[PDB]
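Certain chains of the assembly are absent from this excerpt, and the rest are unmoved.
In this document, chain identifiers A and B correspond to the written order of the chains, with residue numbering beginning at 1 in each.
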Amino acid sequence: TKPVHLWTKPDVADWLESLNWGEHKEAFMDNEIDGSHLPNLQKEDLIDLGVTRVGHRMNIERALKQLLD
Amino acid sequence: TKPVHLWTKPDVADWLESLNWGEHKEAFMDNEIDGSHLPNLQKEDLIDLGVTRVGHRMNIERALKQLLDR
């Protein structure tokens, strides 16, 4: 399995789609988010990426932290 | 009773109604608040969820801390 730190920008878009978060793939792509960034995103980054719903963002944050395992 | 961390989004709405805070049901549901979020909500989160009255917000903050010992 490809490790997260090597995921490309399309790999990140595929990850979002796998979790039914494709609504954010355009913003993540336009902001050039790849796997070297993904597990290190903070609350303010996700707001800048258009993730605004409180519980929704906390869910994404949780999933992001899990990628560190 | 169900532990807080397993509360669904409807379960959280039920909790708000139990404490006569049903005015915030819609915002909590639209923001997908479930029990895995409740004890970690901070002032700014509550403001984003429409809890703007000062003393009212403080009362909710107290009830959230209480979830840690229920």
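Definition applied: a contact is a pair of C-beta atoms (placed from the backbone, for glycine too) under 8 Å apart; a residue touches a chain by one contact, two chains touch by 3 or more.
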May I ask how many copies the whole complex comprises, since the file places only 2 of them?
-> 6
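Please note the rule applied: only the chains that are shown with their structure count from here on.
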Could you tell me the distance, in whole angstrom, between the mean C-alpha positions of chain A and chain B?
-> 26
Once bound in the complex, which stretches of chain A touch chain B?
-> 53-56, 58-59, 62
Chain A touches which residues of chain B in the complex?
-> 9, 28, 30-34, 36-37, 40-41, 45, 48-49
